[PDB]
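One chain comes next, on its own, written out as structure tokens in the form solved without the ligand.
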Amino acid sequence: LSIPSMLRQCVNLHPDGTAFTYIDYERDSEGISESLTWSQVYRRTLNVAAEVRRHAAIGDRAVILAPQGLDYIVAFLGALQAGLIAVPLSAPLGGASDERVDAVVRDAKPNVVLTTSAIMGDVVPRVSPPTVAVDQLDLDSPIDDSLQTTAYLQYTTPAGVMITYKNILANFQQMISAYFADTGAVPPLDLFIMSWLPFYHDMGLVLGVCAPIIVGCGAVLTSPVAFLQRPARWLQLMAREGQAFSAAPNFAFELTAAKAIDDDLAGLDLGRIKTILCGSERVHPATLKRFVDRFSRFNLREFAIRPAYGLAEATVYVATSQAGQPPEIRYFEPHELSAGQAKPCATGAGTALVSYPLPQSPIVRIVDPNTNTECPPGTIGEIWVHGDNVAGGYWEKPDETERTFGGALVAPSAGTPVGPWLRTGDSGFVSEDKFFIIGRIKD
């Protein structure tokens, strides 16, 4: 039913199984691991929940301003355990990033701020609500109020996407069914999650923090700076024992192919990697090819690479490639694409695009954004999305909610709901029964 309840079940079933392992490379370029079992992380979460209840009531917002690490995870889970609506943000980094933080805090109006003692002095100016240094609590002392609906707000004029447990669970059902379709929607026994994505991004939170609990497997986590410093670390950590499930944007596939150092890869066997999602940015076929052409020499399988389309307003996932096959690439004439039409062209020529199966859940339609009517196959329009993973709106923003989540189709085709539809702002088309993403409709 909810993340707190599923964490409790993880403890009941496998209290001594390793849940989260965080690798810090600041003090040793080989990495220092710190791990928690399910029982350890649950205890820490209960201790955070007890603290936050002293400051905030059920349904209040709890902003999280903490560096990447285990304290972030227990702050987020502890907020949920106490029935608070968590608001995951980044540590204060300066510049625009700090004015984003200030604007989110004024929008979400939190009654508690969860942080760490190391950055406490940087956090206090950014927030009167009590500020709790999570690492200074007695997190491992021996020791519910959760909601069943709204879990957290995902910001990314600040508009906080309201994400419910129903949204999360529906999106995980959709993801597990699509990613693992070739094994009957059953993940392998030795799956593990590996992520360096920041927890204040949708994919980093959903994969790094939520998925271990919902799927019931351990996670191996590090920070984005550790990856950027030495990109081979991503491959080293995915090559740990078991079948890794990871994710990154297109730029990081390119950077790893271009900058991972061969000697850091010596002896790695990438042939057990289950899935590497490529998502949150337009997926470039040329980048996927450079990545697989290099890392197939270490046994990476091309069917492990899964382009993934989505957005925070849909929790995270909308569509992905067919399980058990490498990405399908199709080619289209560029002059016609600029004119709004998809015209196939010879393999390799024109514009290469990833071809996605139309998802069975959620559903996708290509819609003319000025007439609210579905486009014929081949005509470019806005991608509209419908399904139980689609959020119910932006926090305390009725008007922006109507504009973004209130799409309504004129004369919908058979089997297509009138609405409400999430208007993604993304442009795309359907061609030969496959789905394609081009860009943004504003363009």
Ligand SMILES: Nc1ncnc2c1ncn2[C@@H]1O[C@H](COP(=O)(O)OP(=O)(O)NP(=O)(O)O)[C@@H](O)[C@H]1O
The other form holds:
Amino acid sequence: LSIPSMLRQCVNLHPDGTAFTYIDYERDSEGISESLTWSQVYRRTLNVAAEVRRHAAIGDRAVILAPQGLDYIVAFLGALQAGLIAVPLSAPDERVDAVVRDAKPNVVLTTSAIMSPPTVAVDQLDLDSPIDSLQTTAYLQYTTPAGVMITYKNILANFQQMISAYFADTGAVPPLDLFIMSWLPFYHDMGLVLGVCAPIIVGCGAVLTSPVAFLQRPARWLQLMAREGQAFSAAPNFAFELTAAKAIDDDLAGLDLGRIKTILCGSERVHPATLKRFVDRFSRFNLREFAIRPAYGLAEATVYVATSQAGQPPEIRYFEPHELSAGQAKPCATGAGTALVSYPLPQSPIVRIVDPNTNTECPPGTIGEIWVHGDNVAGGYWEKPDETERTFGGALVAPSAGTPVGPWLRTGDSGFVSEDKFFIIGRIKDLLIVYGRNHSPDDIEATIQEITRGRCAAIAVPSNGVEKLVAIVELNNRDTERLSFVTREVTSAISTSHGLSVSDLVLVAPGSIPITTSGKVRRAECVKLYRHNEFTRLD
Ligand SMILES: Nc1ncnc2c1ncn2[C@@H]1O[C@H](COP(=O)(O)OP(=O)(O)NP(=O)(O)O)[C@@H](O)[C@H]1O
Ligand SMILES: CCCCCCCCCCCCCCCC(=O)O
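So the form solved without the ligand is up there; where is the form solved in complex with the ligand?
Below is the whole assembly, all chains and molecules, this chain first.
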């Protein structure tokens, strides 16, 4: 039924089986491993549960403000065990403070190394001392801050959808020696569902580390995935880029990547050229290319919406770019126009492309907003009726045959269907509209990112009633001419490959463009930093 009861059943079936292994790289750059069997993580969970029942009642929120590691896991699991709504946050910002005010927690779970409601340092609890839950709301997944309410029903449904789609070629049964491997942060939906929940729900073990460790030496990702068994992992697109760029072959001495079962690529636009570099670079170590699975979803859907066909490598389709910017997907020849990853229309949940101004499905090939319906779709945002209604209350006008009327999750993403596959253009609010045509930041950035090889951000800045293109461009500092080579180069490439004039090319130092913990650009941030003149230009 719930995560706590599934955790207890893991304990009955395999008390001494390994459950969680955390590889810490902070003191020893080669890694220090610490591991918990099912019994051991259950004991700690129960001790955390008892400490938390002293400060808070069933139904209260419990904020988790710990660094990545084993204590985070038993803080979250212990909150669920005691019937609290867990609120996974990062370790200290201002967001953290606004989430606490929104969630009004009756307890905080933290660690001594970082410090009204009672704060608990779970590492200073006697967690291994020897020796209830809700059936509905498990935790709030925070993005003004809005916390997605995730129920056990949401979780169970997405896992049925995920296990069915990911393991369709083996009859929805994962292999006996599957293990999970993740460096994604536990306070993001991908990292929480994969790293903390999935080991319990699937009945497999997890090998875990921090996003900070991965960004230091991206080879550690490949190394830990190559451990004994068939690895299941996930990462954003540019983490594929980074690993392809920074890993050294001697770090990969005698690594066998041919047992890796799945690496999801999701949480941002999946670029075929990144995927091609990753497979070209690492096919030498037997990385099977059917192991790579583009995956689309969002926190409002718990995590999963759609993925590539199991047992095949990613499928790429090509469309006319000018037609795309005009709102129409016109297929073209392999290598022409713009390339997009094919996503098979999922069986569960279901996807529709919908005109956001008329609440009516688009004809195939017409670009509109991606709408989602299914039991994995959350019931709303915590204590936000109005915003819940705006985001979760999609109602279809004159639904097509078999298509439910509602309620539909409005994803905020632009996309289209072609040949019973759908494609994702990008986030609507990040699109650059010039002369009635929509252009995608992800495509412009690829254009720049090939000449720069540094990071990018293509943003729209309103001025006197139109949108102007501005490009924040990271670049390596270690003369005045090359700088004007790059300016000339990037400006022309955008013009020749997009028909756009760049109003402003902001050449900055590496690390000036804001990025996620997983490393993804923040485009709405980039905008008002530009608008409040907060960027320093290499001139
Ligand atoms: N496979 C994918 N392809 C394209 N876009 C994706 C994919 N997976 C996730 N996304 C995008 O990430 C969004 C949800 O990520 P979420 O964590 O819920 O908020 P976010 O961090 O603001 N992501 P984003 O702004 O898109 O980079 C989805 O709406 C998509 O915009
Ligand atoms: C076998 C267990 C599978 C566990 C998978 C959990 C992670 C699933 C990720 C699916 C796509 C994620 C994209 C949505 C996240 C986001 O963008 O906010």
